[PDB]
Amino acid sequence: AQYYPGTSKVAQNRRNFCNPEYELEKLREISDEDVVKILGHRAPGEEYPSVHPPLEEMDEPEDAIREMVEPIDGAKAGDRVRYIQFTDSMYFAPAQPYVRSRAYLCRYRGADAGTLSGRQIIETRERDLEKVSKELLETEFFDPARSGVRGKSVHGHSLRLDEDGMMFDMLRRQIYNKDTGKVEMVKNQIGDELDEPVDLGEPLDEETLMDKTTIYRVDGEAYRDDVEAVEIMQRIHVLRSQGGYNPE
Amino acid sequence: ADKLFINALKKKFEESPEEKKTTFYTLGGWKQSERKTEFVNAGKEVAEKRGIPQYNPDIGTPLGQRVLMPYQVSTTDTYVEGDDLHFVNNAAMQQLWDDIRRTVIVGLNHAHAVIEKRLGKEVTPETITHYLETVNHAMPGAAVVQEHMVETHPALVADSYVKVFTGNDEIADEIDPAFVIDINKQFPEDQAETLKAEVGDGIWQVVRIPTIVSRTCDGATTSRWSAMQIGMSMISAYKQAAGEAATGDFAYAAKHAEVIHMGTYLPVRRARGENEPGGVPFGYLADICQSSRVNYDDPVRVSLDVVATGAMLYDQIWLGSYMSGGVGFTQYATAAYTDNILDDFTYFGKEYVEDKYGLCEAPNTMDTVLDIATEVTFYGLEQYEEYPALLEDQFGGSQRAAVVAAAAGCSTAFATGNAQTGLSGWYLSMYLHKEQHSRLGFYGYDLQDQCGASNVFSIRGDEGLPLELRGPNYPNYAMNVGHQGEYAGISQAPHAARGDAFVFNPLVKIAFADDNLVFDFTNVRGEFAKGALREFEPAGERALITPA
Amino acid sequence: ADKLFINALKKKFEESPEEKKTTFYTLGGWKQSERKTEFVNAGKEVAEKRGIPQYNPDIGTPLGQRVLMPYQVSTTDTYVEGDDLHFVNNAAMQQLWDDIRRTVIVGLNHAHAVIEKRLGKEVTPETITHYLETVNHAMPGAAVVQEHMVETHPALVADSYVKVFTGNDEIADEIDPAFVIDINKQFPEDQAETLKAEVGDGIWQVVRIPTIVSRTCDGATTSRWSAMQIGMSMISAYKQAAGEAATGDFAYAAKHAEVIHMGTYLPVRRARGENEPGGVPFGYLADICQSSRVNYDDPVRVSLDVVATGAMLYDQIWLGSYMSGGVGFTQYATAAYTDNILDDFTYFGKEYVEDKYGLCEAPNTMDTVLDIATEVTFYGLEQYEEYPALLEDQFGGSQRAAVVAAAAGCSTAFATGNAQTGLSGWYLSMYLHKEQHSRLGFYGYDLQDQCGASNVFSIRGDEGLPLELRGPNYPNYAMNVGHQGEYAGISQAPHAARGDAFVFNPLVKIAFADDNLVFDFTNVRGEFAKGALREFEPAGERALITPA
Amino acid sequence: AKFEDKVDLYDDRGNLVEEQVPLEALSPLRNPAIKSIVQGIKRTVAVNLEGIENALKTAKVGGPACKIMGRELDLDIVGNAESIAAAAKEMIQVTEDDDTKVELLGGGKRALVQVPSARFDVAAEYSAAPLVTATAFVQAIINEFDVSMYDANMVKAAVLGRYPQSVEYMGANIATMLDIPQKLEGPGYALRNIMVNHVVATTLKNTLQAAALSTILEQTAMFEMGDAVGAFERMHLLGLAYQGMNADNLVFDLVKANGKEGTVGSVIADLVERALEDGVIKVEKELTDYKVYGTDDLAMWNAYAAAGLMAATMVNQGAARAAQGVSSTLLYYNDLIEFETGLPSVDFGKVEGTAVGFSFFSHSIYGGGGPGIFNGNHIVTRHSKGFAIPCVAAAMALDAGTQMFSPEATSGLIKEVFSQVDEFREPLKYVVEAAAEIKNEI
Amino acid sequence: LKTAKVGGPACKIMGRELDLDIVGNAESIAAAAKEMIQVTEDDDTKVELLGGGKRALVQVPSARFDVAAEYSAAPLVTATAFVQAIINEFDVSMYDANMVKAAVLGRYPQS
Ligand code: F43
Ligand SMILES: C[C@@H](OP(=O)(O)O)[C@H](NC(=O)CCCCCCS)C(=O)O
Ligand SMILES: O=S(=O)(O)CCS
Ligand SMILES: O=S(=O)(O)CCS
Ligand SMILES: [Ca+2]
Ligand SMILES: [Ca+2]
Ligand SMILES: [Ca+2]
Ligand SMILES: [Ca+2]
Ligand SMILES: [Ca+2]
Ligand SMILES: [Ca+2]
Ligand SMILES: [Ca+2]
Ligand SMILES: [Ca+2]
Ligand SMILES: [Ca+2]
Ligand SMILES: [Ca+2]
Ligand SMILES: [K+]
Ligand SMILES: [K+]
Ligand SMILES: [K+]
Ligand SMILES: [K+]
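Residue numbers (the entry's author numbering), protein chains in the order written: chain C, 2 to 249; chain A, 2 to 549; chain D, 2 to 549; chain B, 2 to 443; chain E, 57 to 167.
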């Protein structure tokens with residue numbers, strides 16, 4: 002699969018995020034317990050809640066499609082469908098909203114992805130969400146200054162940065178410590194205080210952000226200069242126009 | 002010269018507009034804001050008086066961790082907090098809608114034929130004047146035939162009246178001028194002659210029913226109220242039986258055969274009668290706006306006055322209340338009429354067009370669309386990139402999508418002189434924007450834009466329509482903010498560039514060229530500023546009949 | 002004792018009420034009237050200011066060749082000229098309608114099930130109270146989640162709020178009482194127990210959106226506005242993602258699955274959305290009126306308070322403006338709530354029933370209809386014959402037809418305990434009246450009455466319906482004055498006689514049992530009098546945002 | 002034949018049933034099983050006799066939370082259902098032994114009714130089905146118990162609700178798959194105003210049958226709307242065949258290959274490879290490390306893409322056994338496939354657009370709901386001309402119980418009655434056999 | 057089309073005028089429309105010119121209503137067949153074809 006046209010670094014990074022064969026760079030270690038804390042759907046050690054019985058106990062009808070499509074493990078167990086949501090700064094966060102949704106439906110099974118300008122969300126079965134979330138938090142999908150885990154009050158993608166390079170957060174879930182150079186997650190994604198904060202590590206430096214980003218900007222790589230990517234967008238516009246008029 | 006939004010950005014923020022860093026969290030929350038402070042105190046007074054909690058800043062999340070911005074109303078020097086541009090808080094905005102809702106256009110051509118051909122009586126400018134004196138007594142709710150009638154208080158209904166217009170200059174001049182919309186006085190020479198030739202010897206009434214009635218009732222009341230009092234005035238002025246078979250011909254004429262509603266009725270899921278915002282097609286909205294007849298040497302100004310009219314009506318009142326409600330959609334709309342931002346982008350596009358093609362001289366083709374819409378989209382997005390303060394101002398992706406695509410679409414239509422290629426340019430802008438920033442609008446913003454390219458030139462039943470005929474009930478457009486008012490602008494754009502007197506209905510254009518309206522449709526953005534400042538005096542208030 | 006209308010007749014005329022002769026033509030024309038004099042002066046001022054003639058007494062025919070009468074508002078000692086009972090001139094009447102239009106009832110039962118079964122969270126009296134504090138901040142138009150929101154001015158929207166009720170007394174007492182409609186306090190014991198048993202463990206919101214919004218917009222806005230702010234408050238109070246899949250279940254529940262509109266939408270010829278008067282069935286109108294819970298030892302008073310409510314809303318505002326307009330239909334309606342006339346006739350009929358059958362003890366049969374409706378019709382018509390002043394008071398045949406038949410229909414229903422036989426009595430009354438005086442109403446008055454007898458007991462598709470379920474959109478009833486409000490009274494009559502807590506919907510009955518309404522639904526006629534005197538203070542005014 | 006295209010037809014287990022069938026043999030205009038299904042759905046009514054009885058005995062008539070005290074009537078309708086049904090049938094039929102049916106279910110608690118076809122021959126539309134059924138049952142109930150003239154109007158209210166004060170049959174105890182003509186978003190829309198949950202319930206949550214029934218209804222509506230006339234006809238026929246009838250086993254084989262470990266993206270890759278293998282698309286030119294694909298047959302590319310879209314929904318929502326993500330699949334299948342190829346997505350962007358709005362209105366405060374309450378007449382999901390809603394039906398068929406407004410909640414009366422009808426429940430074999438029957442008439 | 061008076065009473069879009077000799081080519085337009093309206097050749101479709109080509113009588117084939125819920129297929133199938141026939145008769149451009157649609161079916165679906 003080729004995923005996306007273009008010859009910029011931005012275009013290559015977009016392809017890399019989409020490509021399940023591309024092994025995402027691990028930038029930080031976050032324990033399974035701290036993923037569960039950040040998510041805020043259940044307490045550590047709490048058995049998974051259930052929205053319905055395990056598939057073995059709710060007797061699905063005979064169906065070739067069901068027989069051919071393997072349920073994800075959380076579906077087998079009847080897990081709730083829960084979410085994780087990120088906001089990405091337009092100041093060179095590595096991932097960006099359509100990049101995430103496109104990538105999620107190439108890389109992850111059983112995924113409900115939604116794109117908005119100031120928030121991007123995935124909803125899936127709870128135990129699977131936990132595994133996906135570990136990857137979303139530990140790898141270059143995430144930077145703790147230019148990205149934020151936010152289930153509400155998402156304002157910030159388009160705001161100026163603060164003096165530490167941190168994106169705005171109305172609820173200040175992620176706190177930069179000048180004395181350590183690290184970001185601490187002090188609240189879960191919905192904004193409730195953690196009894197024990199989670200170390201998110203150091204923010205990426207500015208040159209590395211520019212190297213890894215998937216946003217086009219005049220002060221980075223501009224979309225208008227990635228002429229092959231622009232060509233394909235214009236082509237799609239024209240062919241959609243033609244098809245709607247007369248597809249013969 | 003400076004970009005047109007630079008003054009506003011300098012007024013809003015401490016930092017210069019190019020600066021990428023600022024300060025948060027230490028601004029005092031809501032206490033930074035005069036208006037929020039007013040609201041906190043009012044909420045306490047409300048709760049105390051009624052015994053139920055109401056507005057309370059401590060509910061939910063805490064506003065004002067960032068700067069709560071003032072907005073410049075574009076083309077003005079007025080800066081206000083956004084709450085003053087909420088339609089609930091802005092009497093000018095409410096009166097704009099009331100003045101549309103309470104208006105209907107009703108012909109006298111069938112009526113005069115009934116009088117001459119069925120009753121066998123003459124119609125002359127003198128009989129017309131007598132009829133108009135009669136109907137200006139009757140229309141606000143007063144009697145002309147029966148004994149022991151009880152009537153509306155004239156001071157409560159002072160905004161209701163009837164005028165006429167005709168393309169026949171000699172007839173027009175023979176009718177008492179108190180009752181005539183003077184096309185020659187209200188329109189510049191070229192526009193006046195266009196409009197008179199469209200109307201010809203036809204004679205048309207512009208009827209405005211009382212604001213207090215329109216507010217008590219609904220839009221579908223207007224043509225009925227109009228017809229009842231036209232009917233009574235025909236009986237009184239032409240001396241027929243007060244209720245004979247011919248009376249029914251006047252009713253059918255006034256209610257159906259020669260009525261022009263501002264809006265057509267809506268389907269059941271969004272059920273509404275006539276003269277509601279969803280029924281008003283984009284070309285009528287452009288013609289209601291009167292910028293065309295005063296700013297006719299500046300097509301950008303004309304087009305963006307239409308955008309202001311439509312963004313407010315369609316996003317704030319229609320989508321933000323009729324179709325939803327609550328806090329609503331103030332800033333989805335203000336993005337299109339504040340801080341001179343859309344103005345900057347559209348004047349850029351107009352100059353690009355004048356330099357490359359000449360106004361209305363570009364081929365009406367997809368090649369022109371690809372050229373202009375791409376260039377203008379890239380200019381607009383570059384401004385958000387160059388000026389972090391601009392991006393923080395128009396903080397929602399939907400706002401930016403609408404503003405950039407409006408400039409792109411209007412500019413394309415300036416070049417082609419055709420609204421349909423303008424529309425194609427709007428959709429191309431969205432697609433480019435989405436790829437440039439890997440985001441566009443809110444969750445559901447681009448339903449119509451994704452369907453958009455394919456439906457621009459479609460001819461199928463519920464797909465194909467010239468843009469001027471489309472409106473808020475065009476299926477793809479029926480749900481979402483940040484499009485409808487901008488489409489009214491794109492509808493206006495080629496006609497403004499061509500110098501056309503109207504976009505879609507010349508009777509609608511003439512019908513709002515009337516200094517006896519309450520809202521000033523020649524300067525919509527000026528009026529929004531006046532209302533924001535609490536300086537606008539609406540019709541329809543009940544002070545006269547309530548305690549002092 | 003004297004007939005109940007005698008005081009009013011003595012106040013209106015110089016002659017004794019039984020005298021057959023009077024004086025005309027020398028009374029001073031309009032100058033006899035304080036109110037007409039006010040109007041003449043106001044018309045001159047209006048015309049001078051705006052440059053267009055307006056109210057002018059010398060247009061058409063000359064009012065006041067006979068006495069221009071005062072009217073006693075029934076059950077009061079207030080006498081006013083009829084103009085003061087025109088809905089345009091009466092803020093109480095306008096606010097009655099606004100308080101209905103801006104109300105919706107919305108369950109929390111599906112909502113709580115989404116929280117418990119889909120989200121897996123607890124619902125308790127404490128979470129409900131926290132939700133209610135939240136929604137009472139949000140509902141008038143204020144924010145709970147997003148940054149940089151702009152909001153409605155709390156003082157402009159002070160009339161908007163949310164309360165709840167439930168049949169479970171133990172749950173009701175654990176919710177903060179500021180937010181609870183207390184069924185045990187508002188209703189007498191037996192009615193309270195009936196109502197609580199209907200509701201059971203259900204929990205229902207009564208949502209009232211702002212009058213200023215309802216007036217700017219329409220009735221179909223109400224359930225949407227309600228649902229948006231319910232949705233936001235569910236997000237904030239139960240701490241979920243601010244927009245996840247489950248959010249759509251709260252939307253569907255609040256907008257569709259557990260909403261009760263006051264009115265259902267109307268078909269195209271009279272196109273309107275929800276919560277407009279034509280959609281309000283007669284049984285809901287009887288339940289909105291709150292006379293039942295205060296005047297429960299007097300079934301005549303309860304029934305005729307419902308008649309007043311409906312005559313005003315359905316004839317003056319709905320038929321007289323929404324469906325027509327102009328001078329309108331003030332006196333077609335006032336006939337049913339002034340001068341204690343309908344009261345005299347209906348108390349006569351109630352006594353006849355009590356003496357002959359006992360309330361609710363007559364056979365539910367045509368023989369009972371023939372007996373009671375005939376006797377009461379003849380009594381009413383005899384009063385017009387014996388008192389020429391009465392006949393000159395209710396000068397229009399339609400007025401008399403409606404009043405006499407309302408007394409006949411209500412009386413029949415008092416006897417049978419069944420509204421359908423009451424309705425048959427109404428139609429028989431019309432037929433008898435027509436033969437007695439060789440006249441009935443205006444040209445089109447008895448369309449529904451001629452169809453009436455045959456459609457009372459019909460079971461066919463668009464014919465058959467219990468009266469309680471009928472309303473202004475029942476086909477035969479869709480056009481004409483002097484019926485709809487009276488039918489709401491007949492709907493009420495058997496239930497008042499039976500002591501039933503409600504007529505058709507117990508949730509509607511409870512929803513208006515609320516001291517925080519603006520209009521006092523327990524004393525509709527008292528409120529009409531207060532508005533006539535210009536002593537009623539409505540919601541929705543713009544004074545705070547306009548020049549002083 | 003107007004078109005030269007031929008398709009191979011399969012059963013819902015992926016077995017070949019008919020080879021090289023002319024495309025037009027699947028047309029709603031030609032295929033007699035589609036005709037039978039559509040006529041059947043027009044004329045079938047579910048009658049809730051238990052619901053009528055309970056409404057009468059409580060006087061709860063005329064809509065939610067409504068009751069008229071003093072009007073109660075205690076009638077043993079269910080106990081006398083055989084006699085009532087036979088009396089109703091005598092009134093509903095035109096002639097003895099015509100195609101009228103009145104069949105009791107649930108021990109007399111429900112009845113399946115099929116109003117005779119002859120009544121619709123001389124009708125403008127379809128409302129004769131509920132209206133003839135309603136009055137026949139009102140009259141039969143009155144006659145069974147000698148209900149008085151004074152009380153009969155309560156039987157009417159219990160059967161048909163608040164109509165005509167309400168425009169709809171508000172509080173009725175009868176139900177149809179179709180809704181009243183006034184509720185159409187546009188003329189021609191009536192077969193689109195059928196709730197997804199009704200289709201899923203009727204087909205007993207069999208995924209391929211739900212997709213087939215939905216596609217039949219949607220694409221048949223496209224003919225009634227005029228959308229499948231002239232230049233667009235072949236596009237709609239190929240969509241019907243490849244997206245809803247598993248033509249050439251393409252949907253089935255994509256699901257087979259991607260069901261164990263696959264994603265929306267992996268289905269896309271396989272579909273593009275198949276389109277290239279079959280000559281539907283080819284490389285038009287090369288950019289830098291990027292192949293730009295073209296096609297000389299937009300309608301066939303669209304149909305292949307539509308098959309992949311259905312398979313992608315089955316793989317993605319099937320893996321979750323949760324329907325909500327269908328809005329996401331409908332969006333990003335199309336978004337991804339455009340940037341993968343340089344060709345337009347399904348319905349030239351209209352599925353993606355529908356998906357944007359549908360995502361919004363199934364995850365927001367403003368309206369909509371869960372996937373099951375949508376339909377082709379819904380303002381959110383009317384925009385694509387038949388290519389979106391069948392995927393929603395497939396996704397809801399695969400849902401294991403994540404929805405509050407499930408078919409069990411919204412569609413129980415419809416399920417009980419309409420799933421009895423073989424051609425409604427299992428339409429695919431009937432349409433395939435009918436195609437075989439007429440193949441030589443095309 | 058020649059006046060750009062489309063979309064309802066007193067409506068006009070200046071600059072959109074298209075001067076097409078429809079009546080002069082009515083036979084060809086009618087025959088092309090008939091090919092699209094029919095289901096099969098020699099079924100009960102009719103397209104018959106009246107008034108020297110100024111009007112046409114159309115009967116949409118019964119088979120289309122056999123698989124329709126109601127009756128709106130008649131105007132909708134007729135409308136699109138004539139829109140397409142007119143476009144093809146004169147090689148109306150993609151850019152202008154929407155005016156032909158407006159001239160045939162009016163302001164629908166905004167109205
Ligand atoms: C709860 C939702 C989901 C939904 O259905 N509607 C919401 C909320 C709703 C509420 C918020 C009021 C409140 O705070 O109580 C209101 C005002 C509508 C109402 N009920 O009156 C609204 N949005 Ni929203 N909504 C907006 C917007 C947006 C932008 C904000 C992005 C950002 O970075 O700040 C995003 C979508 C996106 O990412 O593109 C958005 C999301 C959302 N919007 C998320 C909440 C986001 C959060 O948790 O912070 N809106 C905008 O982009 C600007 C206009 C603004 C609207 C108010 C106005 O027009 O003045 C408001 C319009
Ligand atoms: C979708 C539909 O809602 P339902 O699904 O019918 O509840 C429709 N609302 C809307 O379109 C809301 C539009 C305004 C709010 C969102 C603006 S982006 C309506 O209420 O008729
Ligand atoms: O977040 S959502 O896109 O659902 C609503 C934007 S107001
Ligand atoms: O005279 S008519 O009966 O037509 C109207 C009475 S208001
Ligand atoms: Ca500054
Ligand atoms: Ca707060
Ligand atoms: Ca002159
Ligand atoms: Ca001149
Ligand atoms: Ca006296
Ligand atoms: Ca006079
Ligand atoms: Ca108790
Ligand atoms: Ca208590
Ligand atoms: Ca008690
Ligand atoms: Ca065979
Ligand atoms: K489990
Ligand atoms: K002249
Ligand atoms: K509980
Ligand atoms: K109003």
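Hints were generated in silico from the structure; no laboratory data involved.
A portion of the hints provided could be inaccurate.
Not everything, but these chain D residues come out facing chain C in the computed CB check (under 8 Å) [to be verified]:
1. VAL146
2. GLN147
3. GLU148
4. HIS149
5. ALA242
6. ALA243
7. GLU245
8. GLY527
Each residue gets a CB set at the ideal place from its N, CA and C atoms; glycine is no exception.
Structure-based check of all given hints:
1. Interface restraint check for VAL146(D): the shortest CB-CB distance to chain C comes to about 6 Å, inside 8 Å, so the restraint holds.
2. With a cut of 8 Å, the hint placing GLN147(D) at the interface with chain C holds, because the nearest CB-to-CB distance is about 7 Å.
3. Checking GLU148(D) against chain C by beta carbon gives a least distance of about 4 Å; that is within 8 Å, so the hint holds.
4. Hint on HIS149(D) holds. Least Cβ distance to chain C is approximately 7 Å, under the 8 Å limit.
5. Contact between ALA242(D) and chain C, as hinted, is supported at the beta carbon level, the nearest pair being about 5 Å apart and thus within 8 Å.
6. For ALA243(D), the shortest C-beta to C-beta distance to chain C is roughly 4 Å, which falls under 8 Å, so the interface hint holds.
7. Residue-level restraint check for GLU245(D) holds (minimum Cβ-Cβ distance to chain C is 5 Å; threshold 8 Å).
8. With a least beta-carbon distance of about 48 Å to chain C, the hint placing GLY527(D) at the interface is violated under the 8 Å criterion.
Hint violations for this structure: number 8 only, all remaining hints satisfied.
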